[PDB]
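Chain A is already provided as a structure; the job is to place chains B, C, D, E and F on it using the hints.
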Amino acid sequence: XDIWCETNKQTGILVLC
Amino acid sequence: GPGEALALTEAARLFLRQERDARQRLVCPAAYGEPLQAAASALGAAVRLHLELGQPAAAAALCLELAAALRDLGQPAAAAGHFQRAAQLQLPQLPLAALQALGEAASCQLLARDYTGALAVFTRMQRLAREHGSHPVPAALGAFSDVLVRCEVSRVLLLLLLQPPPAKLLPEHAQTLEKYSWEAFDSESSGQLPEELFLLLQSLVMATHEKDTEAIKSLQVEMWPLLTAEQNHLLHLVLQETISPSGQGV
Amino acid sequence: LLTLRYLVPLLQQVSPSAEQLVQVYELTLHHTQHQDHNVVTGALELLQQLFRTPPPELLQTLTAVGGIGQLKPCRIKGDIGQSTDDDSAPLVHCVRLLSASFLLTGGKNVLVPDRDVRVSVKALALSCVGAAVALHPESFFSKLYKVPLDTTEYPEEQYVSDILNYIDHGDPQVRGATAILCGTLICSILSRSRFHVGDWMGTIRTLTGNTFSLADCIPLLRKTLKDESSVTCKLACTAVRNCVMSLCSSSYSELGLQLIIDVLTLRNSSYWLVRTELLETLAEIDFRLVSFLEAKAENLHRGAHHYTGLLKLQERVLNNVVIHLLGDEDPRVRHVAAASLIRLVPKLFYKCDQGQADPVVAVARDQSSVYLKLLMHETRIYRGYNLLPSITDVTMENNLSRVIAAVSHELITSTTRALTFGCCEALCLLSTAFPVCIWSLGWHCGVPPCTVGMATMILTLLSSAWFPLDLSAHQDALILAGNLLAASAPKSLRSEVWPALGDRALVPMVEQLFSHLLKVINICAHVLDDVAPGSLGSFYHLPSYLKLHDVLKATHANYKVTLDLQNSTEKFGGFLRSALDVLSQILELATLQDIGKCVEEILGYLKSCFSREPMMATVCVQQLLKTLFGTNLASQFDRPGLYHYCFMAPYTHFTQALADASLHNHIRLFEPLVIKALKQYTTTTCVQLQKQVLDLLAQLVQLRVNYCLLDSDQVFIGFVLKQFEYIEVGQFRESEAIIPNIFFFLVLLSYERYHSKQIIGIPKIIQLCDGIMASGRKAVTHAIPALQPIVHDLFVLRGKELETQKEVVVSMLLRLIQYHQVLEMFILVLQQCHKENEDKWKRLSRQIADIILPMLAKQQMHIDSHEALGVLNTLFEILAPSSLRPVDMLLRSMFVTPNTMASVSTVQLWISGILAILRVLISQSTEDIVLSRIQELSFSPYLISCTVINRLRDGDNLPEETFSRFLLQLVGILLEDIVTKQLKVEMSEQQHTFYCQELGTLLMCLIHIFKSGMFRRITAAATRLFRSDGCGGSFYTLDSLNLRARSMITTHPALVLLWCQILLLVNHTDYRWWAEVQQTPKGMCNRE
Amino acid sequence: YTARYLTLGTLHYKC
Amino acid sequence: XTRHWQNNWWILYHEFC
Amino acid sequence: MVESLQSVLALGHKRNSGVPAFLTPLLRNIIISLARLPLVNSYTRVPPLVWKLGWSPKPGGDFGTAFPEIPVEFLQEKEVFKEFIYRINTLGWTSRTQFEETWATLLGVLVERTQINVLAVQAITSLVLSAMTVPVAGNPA
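Residue numbers (PDB author numbering), protein chains in the order written: chain A, 2 to 18; chain B, 83 to 219, 256 to 305, 309 to 371; chain C, 317 to 329, 349 to 406, 664 to 970, 983 to 1053, 1064 to 1109, 1126 to 1164, 1228 to 1331, 1353 to 1377, 1421 to 1555, 1563 to 1720, 1736 to 1861, 1889 to 1894; chain D, 2, 4 to 17; chain E, 2 to 18; chain F, 2368 to 2478, 2496 to 2525.
Don't read these hints as lab results, they were simulated from the structure. Wrong hints could be hidden among the right ones.
[Said to hold, decoys possible] Keeping only pairs whose Cα atoms sit at most 30 Å apart, straight-line, the calculated DSSO-like set for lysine-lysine is: (1) 815/C with 2419/F; (2) 818/C with 2419/F; (3) 2381/F with 943/C; (4) 338/B with 943/C; (5) 904/C with 2381/F.
Bound conformation, chain A alone:
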């Protein structure tokens, strides 16, 4: 579908800093 699917590479992670 989406640009991570199209670029075949992963989404990140949610974290505080």
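Only chains B, C, D, E and F this time, still in chain A's reference frame:
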């Protein structure tokens, strides 16, 4: 479950449609109230069910339906009781709904010729409407201001009809009747009332003390367009009692 | 002819010329004479369109006195004139052509046989004559022929007004089109004559000879309201809707009352469209004016049968129609009754109201509050909250209280399912139009010892066995319940459950609503996931919730099989988004100890709801984050009369403004809904979704989420940067809705340093904003929304290179300074320099005044609006006083003519610029500084002489006398442009409004100059100039300004009262004025 | 009947 | 010359008459 | 006016709220007594729904208003028979002849049709009970 209250109120609406068919639609002389005994029983059960569910606002709606049915079926003294039950169930949670129900109780007392009961209910209304609806948080808010105008005019006519002696003449009555005189203040005393109605009510409270019967006749036709039909009935009773008193028997 | 009939609407707004549009019109006139009635039908439908939505160019040519000439059987017996005549406007010929072709024989009281002309062609012709009469009412009073017929066959001449004989034709649509012709004729005569009906009628009676009178129409409307056909009845009350308020405002107000009385019977009609048209008719009526008319009437109260009471129109309209039709069996009629009720609340009048004791005071407030409006300017909580106090109108609170009480009484006493639903719809929409947290006294029931209204009554319905199963009424009840609980917060908050709430009596209500919302959202989650029922949102053990699941399952299954992707009314999606909206609202009152054991459950439900309502689900996710991080409301919470309204309150407010001038680890539960929101943004066209995802990310960056770990390889910023390539080129649709949210997100991304590199940097953000400017797309729509985030950051709350970026941003604002939204940003820049550097504030103030004043002089500022003029007036207070101190720049930017006075926009821009200079002079300089510099600069009063004004309409001594003539000539220009200009034809509704506001502002200046005591030399110059001839007819005489001002009595009484005040301040006490405005012995509300 | 228009000219209609 | 009577407020009493 | 006794002239009904209660019991009694006059009684006995159904005989009598009693076939419709029952209860009867004519019409109906049989049984009950009225044998006024 709570759906039992829906079954009982839909059953009561069927019995009340049967009683309305017999008493109002057909006007049968052979009617004896068996559908109404059934309606009062099913609404009684649904009222108690709503109360054990902790839904007193839903119980009050069923009290209003029975009270309206009793009033429409020619039993106003009975309807006044259930309208007051509804007002009592609503009052801690819906003060303006309680004032609507007390207004229907007072109308029912006037139909039942229960003038001292009507005088007490309107006095309770005027107290509650100042308590819940006449604050800065002082002048009344619009919905309560309409109740205050109704009570004031009706109480003045009921006090002119009944004329209570000392100690029956409450501080609330003495204080209302004090306003309907003039002495020293011209260079706004109308309060919640329209100024034209206030000057005619002032004039009526004075003409009745003077027994000025031709002034009361004059004021009755002038006030006719300004009053409700219930209030025109009250003003007729004041003029009637002035020309020909009750309790004399002859 | 059909293609032209579709094209005509799009060319009212290389361009279509006057000659092209005249050829469309002349083709249309030609083809009405065709042998085929299909072609005649297409030509009359085109002519109907051409009159309902006139092209701007064509409308001028059809109404001008020679505007085209200045640039089977044909049944026309004699000379009707021509399209090319020089002696009268083309609509006079057009109405004669339609009449002679289709409606009239030339013989009095003969209808054209239906053998000769079919009823559909008669109906189209009657419709076209009405649409022409709407633009030019003189057309109706014509003789049918310019030259009489053979006279032996026609012994009396026929007027066009004989078309009203079609009121008793056999066809319902012919009778009804005739009723609508009566309606539009009444409205047009009253509006065109400015309610001077007897003078306008006596003129047209002299020009055409016709004895027809406007009072002859009212019997025809009354007749057709009582028609046996529902079609004719719908058209007759449509004719009343078009003219009733104009009648009430006129010398025929008694006929206005009669039409209001005679429509009230239509509430009983079997046709639902008569009921909705009655509701829409009654929704237009000003009950303040009706209350004035009722108080005046002696015998309208008696009716036909000597009734003994007082008519009571407002009580009957509110209770017996509008609230009565909330119980209507048709949901379409209930919806229109609920919408009509909201329109009525402002218009209601009641005795003893402290804001307005008398209905003439109530109307005088409405007249004054538009035109005597002052020129003014100067962690977010959810939809239904209001922490700060407000200046609510007590009269509006009283009206709202009385309405809410009537609708609540019917809701409590309701015997029938339809009235319960309609009262919940009416209350829900009132809670939107008059929010409970602003109008808390209007909504008060006495319940809290700021308000909660009837909330327990609404929650009792949500707890009923039947009411939840009507999805529309259940939506309305959830929305209403949330609005009633939210409005408690200014009183019931605390500085173990619901620990924030303070007033413990509300916790049962809040817990009841929150538990219910979680159950209905769980039902929607199961319906969308295709799973069967069998933990606060658990419902498998509750009989009422199983019935709700069946209704929602059936509604969604009906949706799965269709492709109506444009439909707003889908009841499952409407229900789901209403439950999510109300959950979002309740979460402002919540705390982590209210939510910390069920946040996992709600996020599970939101994941199911996301693919159906992704936008409103993202709003819930943001509200849950505000509850977790403690940034929500629960966590952050540490007499008058006529002299007053028409003059004294406006004047005290104006003279005060002149004096103030120059004086936790649960965060990892959110990852899948954040990642779905990112993936959705990159796969969608919905700009309202895309706005919400950028708002979510901006919030996650403010909550110190590591953006570099969320957006691995900057894939999302890369995508967002590529959208500008389509936004600049005009290809990205609805991008006006996304730009401010992108720029806000990118300015936050400039501060962060989770990596050792900067992510975006302010140089790029300035370059992207300059790309929106350079690419040539509309500034107010695209470039200005991009600057607003950037300016607020850099000047309020943002290494010395930053000062060069601030100077570049000022270099952006100067390229756009004509737009008032950029003057707002200069007010923010100037105040942030004033607090920090006096010398930089002085340089900027000179840099701005040296640009602004030349542009005012050339009409280059976009200040043709009260909002824009207000923003310019505050900017001149915020500029450093030195920058305006040698008044010769100001005086050279005033004391100009425009390039033309032929267009309304140019006159408005010119006068707006003058009023902006004039206020700076009378506030920030003394009379002697002004008058001494005027005498040295060599201005003259002949700048705007009547001879100069007249050539500018066609195309292109002492200082105290000079200044006073200039202001007195501007009064004459405004009075002519208000009295001597036609609506839609020559000016728009907003232009007519802004002319009146300019005149109200100008007359308030003259009142301050003459009354304050500070401008004595100007008061003497004015007192001399009002008391002279016009210097040989070169200037307006006081007689000519008074002839115009008399003509405004019936239409602008507030402006006329300011003019009366000026006449007293110059001692013009001639009884030829005062005896006529005061009506001395030797009806209309605006006269009173 | 006869009609003159600005943008056409002197057209005739049977009668 | 009418006044209210002390023992009943609805009874009038007379001073100048 | 005889229709208005269900609503506008029913004491304490919502539609009576514009009439002061000193007029309601008077006007009710007057209307019942005017509806019994030979001049108008025959017309008043006819249900208005029967005129909407187009029934149109020639009236006779000394005044020109003496309509016959309604054909039994109309009275087989529920809510035509109820309209008739309301009139025969409200007006009562002016003579023995009118009692026997109204008994004959109720037996002609008596002979979901169980609804008409219940209406007829209730109607006949009300008819025979009306003769138990005491100062005058069949006059509700």
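Task: Index of numbered hints that the structure contradicts, given in increasing order - done: Violated: none.
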